[PDB]
Amino acid sequence: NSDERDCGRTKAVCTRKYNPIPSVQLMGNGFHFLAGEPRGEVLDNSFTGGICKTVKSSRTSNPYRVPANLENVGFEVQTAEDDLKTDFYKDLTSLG
Amino acid sequence: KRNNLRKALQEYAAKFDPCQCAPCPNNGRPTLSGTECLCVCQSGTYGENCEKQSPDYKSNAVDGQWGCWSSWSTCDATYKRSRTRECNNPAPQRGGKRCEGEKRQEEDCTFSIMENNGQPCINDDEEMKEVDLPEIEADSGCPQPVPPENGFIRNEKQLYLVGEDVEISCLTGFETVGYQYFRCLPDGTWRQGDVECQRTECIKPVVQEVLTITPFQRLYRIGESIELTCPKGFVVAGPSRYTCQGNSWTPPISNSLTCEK
Amino acid sequence: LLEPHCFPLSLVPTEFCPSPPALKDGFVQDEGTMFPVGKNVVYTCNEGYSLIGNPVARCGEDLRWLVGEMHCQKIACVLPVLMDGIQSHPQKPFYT
Amino acid sequence: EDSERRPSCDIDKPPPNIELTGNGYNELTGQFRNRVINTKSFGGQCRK
Amino acid sequence: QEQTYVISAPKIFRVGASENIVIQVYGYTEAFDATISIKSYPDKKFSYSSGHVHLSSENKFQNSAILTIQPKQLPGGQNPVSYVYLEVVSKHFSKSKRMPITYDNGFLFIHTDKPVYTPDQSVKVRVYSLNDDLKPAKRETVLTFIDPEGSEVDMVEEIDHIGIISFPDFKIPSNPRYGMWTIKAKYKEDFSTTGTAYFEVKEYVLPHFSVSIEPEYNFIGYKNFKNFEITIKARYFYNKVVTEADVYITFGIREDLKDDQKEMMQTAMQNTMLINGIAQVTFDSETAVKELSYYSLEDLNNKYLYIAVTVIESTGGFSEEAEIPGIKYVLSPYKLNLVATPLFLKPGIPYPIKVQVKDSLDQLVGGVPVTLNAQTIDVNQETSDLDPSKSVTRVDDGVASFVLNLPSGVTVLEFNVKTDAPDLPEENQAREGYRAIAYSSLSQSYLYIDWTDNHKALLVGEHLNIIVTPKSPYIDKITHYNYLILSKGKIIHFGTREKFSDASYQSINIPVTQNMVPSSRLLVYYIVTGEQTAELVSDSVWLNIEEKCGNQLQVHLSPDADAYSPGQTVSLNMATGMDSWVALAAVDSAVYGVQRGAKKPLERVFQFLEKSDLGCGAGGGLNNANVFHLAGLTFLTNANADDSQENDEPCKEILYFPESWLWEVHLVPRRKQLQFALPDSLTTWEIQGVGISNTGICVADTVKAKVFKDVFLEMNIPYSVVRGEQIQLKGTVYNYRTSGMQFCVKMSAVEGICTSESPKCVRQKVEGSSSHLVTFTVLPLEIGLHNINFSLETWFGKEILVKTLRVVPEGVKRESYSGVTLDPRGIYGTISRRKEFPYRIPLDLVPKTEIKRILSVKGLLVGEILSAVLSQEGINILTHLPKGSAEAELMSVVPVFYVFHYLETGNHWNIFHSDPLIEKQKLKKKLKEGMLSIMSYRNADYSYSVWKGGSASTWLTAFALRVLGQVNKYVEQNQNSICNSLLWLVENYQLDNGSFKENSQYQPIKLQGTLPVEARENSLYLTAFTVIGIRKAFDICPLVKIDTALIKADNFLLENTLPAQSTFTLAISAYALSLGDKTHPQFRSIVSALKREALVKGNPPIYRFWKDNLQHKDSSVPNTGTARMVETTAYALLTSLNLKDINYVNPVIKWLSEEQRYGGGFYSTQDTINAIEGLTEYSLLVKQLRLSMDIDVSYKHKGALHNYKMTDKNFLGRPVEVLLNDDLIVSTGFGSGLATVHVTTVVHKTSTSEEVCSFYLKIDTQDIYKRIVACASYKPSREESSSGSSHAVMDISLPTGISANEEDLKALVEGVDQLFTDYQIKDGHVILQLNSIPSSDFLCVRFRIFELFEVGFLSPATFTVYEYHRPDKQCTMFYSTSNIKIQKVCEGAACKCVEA
Ligand SMILES: *[C@@H]1O[C@H](CO)[C@@H](O[C@@H]2O[C@H](CO)[C@@H](O[C@@H]3O[C@H](CO)[C@@H](O)[C@H](O[C@H]4O[C@H](CO)[C@@H](O)[C@H](O)[C@@H]4O[C@H]4O[C@H](CO)[C@@H](O)[C@H](O)[C@@H]4O)[C@@H]3O)[C@H](O)[C@H]2NC(C)=O)[C@H](O)[C@H]1NC(C)=O
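From first to last, the protein sequence lines are chains Z, U, L, P and F. Residues in the first sequence are numbered consecutively from 146, following the entry's author numbering. Residues in the second sequence are numbered consecutively from 482, following the entry's author numbering. Residues in the third sequence are numbered consecutively from 533, following the entry's author numbering. Residues in the fourth sequence are numbered consecutively from 98, following the entry's author numbering. In terms of the entry's author numbering, the fifth sequence is residues 1 to 655, 750 to 853, 864 to 1368, 1381 to 1512.
Take the hints with a grain of salt, since some may be wrong.
Listed below are the simulated BS3-like cross-link pairs for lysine-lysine, each with C-alpha atoms no more than 30 Å apart in a straight line [what the hints assert, rightly or not]:
#1 F:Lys1508 / F:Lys1497
#2 U:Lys685 / F:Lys1152
#3 F:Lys1287 / U:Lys561
#4 U:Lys638 / F:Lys1211
#5 P:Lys110 / Z:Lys156
#6 U:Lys638 / F:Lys1309
#7 U:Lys685 / F:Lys1136
#8 F:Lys72 / L:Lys606
#9 F:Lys135 / L:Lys571
#10 F:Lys798 / F:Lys124
#11 F:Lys987 / F:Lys798
#12 P:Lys110 / Z:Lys201
#13 F:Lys1211 / U:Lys610
#14 F:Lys1152 / U:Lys638
Distance ranges between label pairs, derived from CB positions [claimed, not checked]:
#15 U:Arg483 / F:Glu2: 44 to 54 Å
#16 F:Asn79 / U:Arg483: 25 to 35 Å
#17 F:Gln1107 / U:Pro712: 20 to 30 Å
#18 L:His603 / F:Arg1318: 24 to 34 Å
To be clear about the criterion: a stretch of chain U counts as covered by chain F if any three or more of its residues have a C-beta under 8 Å from a C-beta of chain F, and this derived list gives those stretches [as the list claims (entries may be wrong)]:
#19 482 to 491
#20 496 to 509
#21 520 to 533
#22 591 to 600
#23 604 to 617
#24 650 to 662
#25 713 to 720
Simulated from the structure, these hints should not be mistaken for lab results. Ideal placement from N, C-alpha and C gives every residue a C-beta, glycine not left out.
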């Protein structure tokens, strides 16, 4: 808060409350290539940069806010892999 | 700190790269935690470390994975070192992939010339300054004076102390008459020595891309002479021979003896 | 070495020099029953004498005093070499 | 003083069992053990 | 926290001081031990001092250790140790802390035998030299003379045996700069300890009598602008008031206390008679201001009045003179400040407040009322406001004082103070405001010292009795408080003070012992516990102590008398309370009358001795840390504080006829008596005795002894006289008999000082208690020093004045300088180690005069030298990366030649553990193999190439030539092969309008050569590199054809480097050209351009790089852009080193010497080579400049004159008089380094017989108050007509108190036949400005004069002029208003005289 320790009429913040993008801090964790896993927060994806850039997930959603570390974001649902494999075996024997 | 973190990343990689694991069964990628290997499984393989297969696992018995670097081979005739990896961890079997990425590395053989005295602090932007603001002059000395015509200052400070002194000097054509030192007084003034450079020598003038001149000497003493010349078979402009006049000769330098060679 | 008070301690010394040497017309400016390893002592001349050379002496780990080859000069002028064999009427061995 | 106090952060609520992450562990009994790390030192920062 | 400790120590440790360190422990009930110790920093390797101390109930768990850093046990080096560790170890605890240290130990009181000296005198000086423990120091001391122009002039050393150090009697150099020379003194040991004093060289006669001007206030303001009142008073130096003197006052407008030349009221020149010692003077400042100033209203000034006075003994001939320059006009005089006032509060204890007031050119104003206002704050920003109060300043002590009593919870105070007097328009009445705060204890536990902080001193040895009250929530646990008494820097006493059953404590009952005497400081402290927490609580107070010595040295003349008599033998008695040394000096009180407002030479010795207090202010503090810090202490404690949170401020909270003799030092064995003659001087002798012994310094009360007789002559003989001018010597016979008498006076003189009187006086009468003017007229015919004897031959015995006159020549002093640097190595161009200064004699010389010469030497020291070295990793440079194809052999061998030149030139062997002789020989063999190897790349054409089947390479040909050039300085190869290879290059590849193109090699070598200046103009890289090979080889094959080829190739390289191609081009080309004529014009231009390209870090440049291509990337592995840097920098470095200037080089060597862009460049040959060449050529320049030079000076035909042994131990030589009439040879042996030597020539030159005069001068004084006519004419060159002179400034000087008829002078301005444009009076001279001067005839101009005669002796007036359009054309003649009667003239250098 030290940028706001004592102030007069503060500059205009973005008007409504907006939530951040879903899971946005995973975009700012560091990854450990030899262990194959995330390890620690490296980029601050709660930082807003003094700006109001925003993304609409759907006409149905409220707008999300974009943290200043991100150059582009988008919500286009895709199915990059889909695999269904199934096999059946049936045997019937009758002896008289 | 950046550079040290590069160096550390390399040492960390050499120490903890998953290549040194025994190969993970059923095509799993090895991963290494600093203490143990764990197998990242292919889709359709399961168990603790990829041991067992789904009933749909056709392309069973297919294999292939890369292995650890051989420690640097000593330098070649272009002072480059190299290391290689054999792709034998295991080698590709029954139609499995080729190993990805380069199998050899080539690196210059640079080494440390000067004595270690601990790392300096360097910060990305700071080095920039070519020319900069004046310091306060709070020492109350004298800044570097303006030397006289054809002048020079034998040793250069920013600012000289109170009572300090400076020797002027004459460019190669000339010699000092009068007292060739100035001295800093208690207020920033300089006690300018009564001095003037007197000519004794002269120098080959600037000339065009065809010589138009014969360069007999480095310096010419006053009362000697220099000659404009044509390489072959013509005459154009300027005196054939000229002698020096306490000033320079008033030589032809806008154009010289640019003859039809 | 780093955390000495964390352990049983011999704050009392267990190695000492022999007693410091004398000077002609001078003495050690401090005195004791014993002189531990690493201890400094300092020499001063008796009244009317001046100690030329560095006054300082240390009991080394060799169990012997490092010293500066110090010399107690008497505080009197000697007659200089006579400038031309001239009569120096109040002739004396020393001039106060 | 009421003028010297300020809101350190918008909100005062930790993740839902963060205290269990600062417990000790016994390797031989496999049980968790009592509080070793202070998991709620906010360090004067509003880390949401 | 039930067990706790404090250790307390000085804020700074002084090296070589016996620092006393207290320990206190708390919460312990069994005894133990600790080792307080001083250790080296950072490393803790070396214990400098350690003490071992026992803590027990019997010691009340308090102790101290005495610890020191011996000056020689510090590691020394180029930059001195600034920090040390104080450690404690004990059972239960250890800790350590960084303590600053200082080399300021003890005091150097320079004492000089006079405040003033003349030319042809010398300056007996000594240094009282005492430790921090105030005992005699016994450290060798150097003392240094600084000219008024700040240039140092000598150094001198002596050893200290006694605490008194008597230096050789420095003679003032044969033509000095007048003004305030400075003596600085330092120990030539591991101490800083500068002392300083001043003395003025001036051309003076001691004053006959004192004059004082004494104002009612040091400013003029509302109270007095109407009129101001000032007292003029006078005494003879035989302590008798002046009987009757005419007195002339003068008043001037002055704009600045620094200086000006501003003007004055020409009316209001108030005149009066001083009678029976005094005249009263009043200035109606309004009247003269409104009538004559620019100013008409008081509001117009916050500027200065200057008042000046001439006193003239009315029948006594002597005149003396004074001023109070800078009596300020001010509209808000009374500036205020606190004294002795802590700005820290307590409840219940009164809060005394004291203020002073000052004038401009201050004194404590002392006669003024002042008023105080206060507001107080306690609980939750609750407020209560006090009644206004008034006080008056004490007329002597300057303070005005107030005391306040305060609510029991007062938490802050603010107060204002304003002046309160009748003359105050309150918006222009001065005021100040202040704030004060409680002790801010987090535990609300306090310790209030009950004392009243008094400015009045405690007497030595008396019992001080201070109450201290520990108010606290936790008084059950405060069984005692502890105290420390601090004097100068040191804890001198310490103790403990127990709780009585009445819940009150032992007071601080201490004798104020002798170690306290300038001042002392009391600090008091305790640690207390809560249930678990603990707090260190403290308070501190300043104590003024009586200024009494331990030696108690006392002096008297034992024949106790009102007055003594001329030539009298007298006995002086020294008594002392202990065995002591003593030093004596005697001065004529008239000496202190020359330097206006001069001190006693050892004035306020106890003040300077007080500056060693490490604390500041009167006491108190914002918290425990602030209390100890302001007390000058620091502490280690576990009880929750550390003064590390605080840092200093430059604090300002405040609390025969000799001139001198008896300059002697004696042992006084408790009593001593000396016997000596008082001199013929009829003046008070002030005898000052300075005692030195183990108790410290003392200055005895100055004994005054009058020398007096009922009748005597005194004579105003002036300080110097123009040869051939005739002057009035004047004086007076004094008669202090009750009777009158008849008297005579007669003058005896040598042949060279002739007179009209033809030697018998009037035998004139005089009254009792009276005096009569004496007048004698002489022409000093010959220069030098001469006796003149004036004798009284009258009743009450024979009186003879044995007196001497100085005589100097009739012409303007012109000074001509000469000098050379002495350079035995040709650092700055050619070697030059001898010079032969001409015995020239100009034309204009004053006929019989002697020309004078003075010579002195300045050693130009190196400055800071920065360490840069190859490691034992140097083995890897030598044992290079392998032999192999395309001459990876070549790349392996070139490193060997460079590393060998580095190891050789720096003597760097013993980098190994090996024997240096073995390694040198072992390496040499490897170098020889390299020679055969590099030869193996040669063609029989004497070309070189990278393959045997490879075509010719100019690049490798140049490179091989460069490298073999390097080796032949040390190990040889055959000149023929080199010469052939040079000639091969110079035949086959020398071009014109360019040079040395390269034969299109299969490849540029993959890690050799360099990235070219590729795309075009790579000719600049090639020419530079090829020239670099040739310039390194030419010394081993000098050939006219090769030389001719450089005469082309250098010139082409100059003529094409100019348009600023990428900087690596400019750098290699600059380096190449720097081997050439370093003083050719365009080379300096190219060098300058290279300098502009630089890059730097730091406020001044700490590092300096260069970059050519701005490849911005990082490189932890040094990609080839790294090479472009390391190589372009090395070329710039080597350019700079070729110009020989460590000051430019130093930040570059820092840059080379570090990781930076890592490794040996890209590990090319070319970068790595040039980088090692950098360290090599730098280590050369370092030794090249190093001063060791035995400069030997002899005349040419005549003998030796001196031998200055210039060294790194002493850089400076005193001027030697060049006495003899011969050419002077300065010379030196080879030695090392560079110096410079100066000779100044002084001569006196005539006006008429010289080229300085265009406008030839005459003047005549005639009775027909008097009138004066000047007559003068111009002189053209032989080729020019009588057009007349240019515009000129003409000066008519007049004797002081003579004045011209200005309203007659106006006719020279108002007349229709105009000549002069304007006139002014300035410095008492008349100036008039003249458009042109006739050469056809003497222009004659007449004026009239009136005399307010001002002086007994009058200097000759100049009639003088210079051409304003030609200001070097200066002409002068000397004249006076008085009639002349000593006259004869001859056709020779010296002449007779006759009486008119
Ligand atoms: C200004 O006043 C001062 C006052 O001091 C004058 O100074 C005095 O001047 C006189 C004369 O020069 C000088 O007198 C000599 O004093 C000596 C004592 O030191 C006497 O011994 C000496 O007598 C000898 O010389 C006489 C001739 O001058 C002889 O007549 C006599 O017999 C002596 O001769 C013997 O001794 C001398 C050596 O002195 C030797 O060479 C002979 O062969 C022989 O053996 C004089 O009385 C005073 O000394 C000076 N002042 C003093 C006493 O200090 C000064 O002269 C006046 N100057 C002027 C011109 O104004």
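Here is how each hint holds up against the structure:
no. : hint                             : in the structure
1   : F:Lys1508 / F:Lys1497            : holds (13 Å)
2   : U:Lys685 / F:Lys1152             : holds (10 Å)
3   : F:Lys1287 / U:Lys561             : violated (39 Å)
4   : U:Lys638 / F:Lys1211             : holds (23 Å)
5   : P:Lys110 / Z:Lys156              : holds (28 Å)
6   : U:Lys638 / F:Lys1309             : holds (27 Å)
7   : U:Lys685 / F:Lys1136             : holds (24 Å)
8   : F:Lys72 / L:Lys606               : holds (24 Å)
9   : F:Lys135 / L:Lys571              : holds (23 Å)
10  : F:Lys798 / F:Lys124              : holds (21 Å)
11  : F:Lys987 / F:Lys798              : violated (94 Å)
12  : P:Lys110 / Z:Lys201              : holds (28 Å)
13  : F:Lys1211 / U:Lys610             : holds (12 Å)
14  : F:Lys1152 / U:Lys638             : violated (34 Å)
15  : U:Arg483 / F:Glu2: 44 to 54 Å    : holds (49 Å)
16  : F:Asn79 / U:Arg483: 25 to 35 Å   : holds (30 Å)
17  : F:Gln1107 / U:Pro712: 20 to 30 Å : violated (36 Å)
18  : L:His603 / F:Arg1318: 24 to 34 Å : holds (30 Å)
19  : 482 to 491                       : holds (count 4)
20  : 496 to 509                       : violated (count 0)
21  : 520 to 533                       : violated (count 0)
22  : 591 to 600                       : holds (count 9)
23  : 604 to 617                       : holds (count 8)
24  : 650 to 662                       : holds (count 7)
25  : 713 to 720                       : violated (count 0)
When held up to the earlier numbered hints, the structure conflicts with 3, 11, 14, 17, 20, 21, 25 and fits the remainder.
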